[PDB]
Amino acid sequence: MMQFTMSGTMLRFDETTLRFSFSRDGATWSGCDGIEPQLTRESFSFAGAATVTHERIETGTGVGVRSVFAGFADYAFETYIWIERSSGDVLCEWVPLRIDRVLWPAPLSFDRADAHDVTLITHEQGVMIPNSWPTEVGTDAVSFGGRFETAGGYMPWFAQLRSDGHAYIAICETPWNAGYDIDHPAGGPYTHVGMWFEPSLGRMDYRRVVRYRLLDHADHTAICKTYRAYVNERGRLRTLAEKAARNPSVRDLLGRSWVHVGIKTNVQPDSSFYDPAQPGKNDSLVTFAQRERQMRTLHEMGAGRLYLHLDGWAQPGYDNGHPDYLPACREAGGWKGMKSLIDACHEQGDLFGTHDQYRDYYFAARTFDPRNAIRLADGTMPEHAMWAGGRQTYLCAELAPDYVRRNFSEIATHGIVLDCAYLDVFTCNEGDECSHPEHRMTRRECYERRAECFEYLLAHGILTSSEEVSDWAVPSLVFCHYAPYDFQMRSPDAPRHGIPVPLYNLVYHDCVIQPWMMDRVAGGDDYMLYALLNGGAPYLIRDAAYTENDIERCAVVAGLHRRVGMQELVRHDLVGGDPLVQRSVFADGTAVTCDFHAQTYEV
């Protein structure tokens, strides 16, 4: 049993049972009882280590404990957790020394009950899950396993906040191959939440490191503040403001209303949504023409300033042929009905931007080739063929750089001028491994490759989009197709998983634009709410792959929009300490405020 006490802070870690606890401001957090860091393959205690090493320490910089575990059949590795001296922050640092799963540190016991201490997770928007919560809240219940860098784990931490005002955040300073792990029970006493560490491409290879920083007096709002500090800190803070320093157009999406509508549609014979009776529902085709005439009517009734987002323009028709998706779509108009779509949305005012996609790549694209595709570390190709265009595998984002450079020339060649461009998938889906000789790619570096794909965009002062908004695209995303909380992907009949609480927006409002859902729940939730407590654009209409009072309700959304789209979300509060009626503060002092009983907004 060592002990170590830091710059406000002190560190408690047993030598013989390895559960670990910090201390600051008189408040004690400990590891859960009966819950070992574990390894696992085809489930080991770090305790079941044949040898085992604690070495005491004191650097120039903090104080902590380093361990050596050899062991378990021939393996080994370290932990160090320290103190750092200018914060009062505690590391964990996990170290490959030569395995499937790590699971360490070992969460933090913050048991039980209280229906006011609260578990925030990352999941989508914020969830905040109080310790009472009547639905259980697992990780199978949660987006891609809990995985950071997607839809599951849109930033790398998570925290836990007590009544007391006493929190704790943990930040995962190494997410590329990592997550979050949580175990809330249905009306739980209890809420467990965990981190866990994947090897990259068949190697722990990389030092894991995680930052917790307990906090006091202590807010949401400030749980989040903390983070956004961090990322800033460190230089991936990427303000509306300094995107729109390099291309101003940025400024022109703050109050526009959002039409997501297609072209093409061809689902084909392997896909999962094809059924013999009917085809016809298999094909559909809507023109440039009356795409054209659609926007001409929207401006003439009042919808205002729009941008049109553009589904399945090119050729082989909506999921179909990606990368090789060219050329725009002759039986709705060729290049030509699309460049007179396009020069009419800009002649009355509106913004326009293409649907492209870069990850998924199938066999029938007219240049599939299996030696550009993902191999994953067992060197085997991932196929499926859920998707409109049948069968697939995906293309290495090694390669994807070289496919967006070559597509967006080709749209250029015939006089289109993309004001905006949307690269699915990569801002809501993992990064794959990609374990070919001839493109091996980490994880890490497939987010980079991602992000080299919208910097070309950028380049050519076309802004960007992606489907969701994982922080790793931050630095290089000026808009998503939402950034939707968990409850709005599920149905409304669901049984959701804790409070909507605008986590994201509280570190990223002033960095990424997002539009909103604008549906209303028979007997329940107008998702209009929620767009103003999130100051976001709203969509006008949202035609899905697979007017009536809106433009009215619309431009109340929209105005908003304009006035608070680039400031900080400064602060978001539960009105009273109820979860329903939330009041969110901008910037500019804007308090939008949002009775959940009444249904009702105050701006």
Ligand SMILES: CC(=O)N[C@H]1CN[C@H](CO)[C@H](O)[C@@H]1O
The other form holds:
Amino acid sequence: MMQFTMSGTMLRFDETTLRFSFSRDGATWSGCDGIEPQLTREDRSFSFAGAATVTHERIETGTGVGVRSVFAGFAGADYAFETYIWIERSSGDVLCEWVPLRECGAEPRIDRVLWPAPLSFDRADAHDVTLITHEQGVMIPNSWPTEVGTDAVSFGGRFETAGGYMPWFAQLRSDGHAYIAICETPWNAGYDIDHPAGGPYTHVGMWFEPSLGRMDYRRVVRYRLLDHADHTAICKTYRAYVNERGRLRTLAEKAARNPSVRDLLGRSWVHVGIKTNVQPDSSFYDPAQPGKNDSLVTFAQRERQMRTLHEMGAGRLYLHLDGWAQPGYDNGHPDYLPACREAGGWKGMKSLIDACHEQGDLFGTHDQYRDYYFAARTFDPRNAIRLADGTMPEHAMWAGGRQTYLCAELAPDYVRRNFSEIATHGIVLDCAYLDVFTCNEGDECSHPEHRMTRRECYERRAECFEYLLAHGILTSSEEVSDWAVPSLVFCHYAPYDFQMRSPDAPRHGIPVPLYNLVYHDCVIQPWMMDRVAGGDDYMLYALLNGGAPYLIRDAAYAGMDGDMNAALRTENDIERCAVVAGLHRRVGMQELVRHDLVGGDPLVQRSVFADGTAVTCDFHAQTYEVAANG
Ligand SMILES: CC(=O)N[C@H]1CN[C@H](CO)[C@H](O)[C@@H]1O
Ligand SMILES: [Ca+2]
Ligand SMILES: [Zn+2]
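Given the form deposited without the named molecule, corresponding form deposited with the named molecule bound:
The next block holds the full complex; its first chain is the one shown before.
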């Protein structure tokens, strides 16, 4: 056994078990008993202690003190690596480094790495909770009724996706003593969660996958232990962390570059489409109903629709237009041109835009630069992703049918080409929507002509956005995975997980806005307005989160993109929008300082902002209150 103390914190680490535990402000935490850190190969799991040779080195640096462990020989295969577990002098934080060394013609490839092993947290106490970044956020009591497994989180608990908006998780006791684990190297990483139904425990661990088939580079987790800590405070920890590395890009900062940003406050959302053209090979094809597959609303009709919506006194509107190009929604991409002839052509579309501006309303196209359809006019496999095994992925899920994925290295080329074309026919977009980018994982590509790491992928996607900000077109994408913050103005939404499920489907936990706690002054988000019959009004959640409202939110596919059943429930729309929007017109660019569960009652909550303005929402009474005091 090796023990360390420094700057308020103590790390102990057992040379034989490898289990570690660390302590600060007198609370302790330890690795779970009997769960060990593991490699995983195509052909079996190893513990790290399974190593043929293991050494340990006690180490003191100018920066900190801890231990460095080499691990060599496995099964019989060669293969080695290190770990380094240590206390930063400056801060009283603990840092965990998994470090590749030798990999060889491995055989098989190391498929995953579960380390550091999850911290013991097995109480049951209902005020003993776990926080996770699955979409807008989830608080998970060690009691909580329902099962929560990794396999029930989107994208398998992958960071930089809807599955984990931000690269961290945290576990908090009723004490007020908590820990936050931040993934400093997320691009090939995610979390794992095991909460059996009814608890008593909740285990959470970081996993790491290879980068183009090799672990390649150091992976690093940073733990900060807290005292007198609520879920709001925990969020701030990470906030600070990000700003301390200069990726807390505020709306303000963004405004100073493109001032139209401000124009987005108060506005109301209108998501609706032109052409629909589901293909025979599409997983959505209905070989009966040819009308369901194939439908068209002209630019003209959308023009009328928008006038009408002004006259009725809707107010300030952003229009997002799906399906505006010749191929039809989710057809032809990236060759999504020209604007649909049978809908009006460039003229009908230009005419419609002009008209939105003319009543002080804004407008974005719905566009796509990852999905790459075989049908596209200039389809060519040499532009497509190859996976680390050299294979080219395929599917035919969406409208346009058979597709692969465009290597992002080349996306910016195609953004530049398309949008330049759009703007030569007198179209002047206020915004644009680059689909998928911020929802899905970043691809990796082994094609030698455009080799690209997941890390690199997010950088290209961000380059796509930046072309738009540079031509005064604001940027939107599907959701809000935190990589995109520096370049992302607003989204299609930042929902909680339970909004993307049937209301009948049990929830995984209390809906707390972890993302907006961190980023509400950096990204504008519209919100669902649907009322659940026998349940919640989703407007209520809009308020807590200080967002703008969906007025009209047409699905593109029945069932998809949080399209609620019909076990639904609402008249009085514009009114409802106007209420939430005027809140948005106020505090839309401010921090969100606090969120609190009133009296520790889950179904009553308050969100306090920078200007003092508080939002109390009661989910028994289905009632809501917007003050000014705080
Ligand atoms: C909300 C939204 O635009 N979701 C889209 C997300 N992307 C898929 C295709 O990748 C579909 O177009 C889907 O409708
Ligand atoms: Ca859309
Ligand atoms: Zn490539």
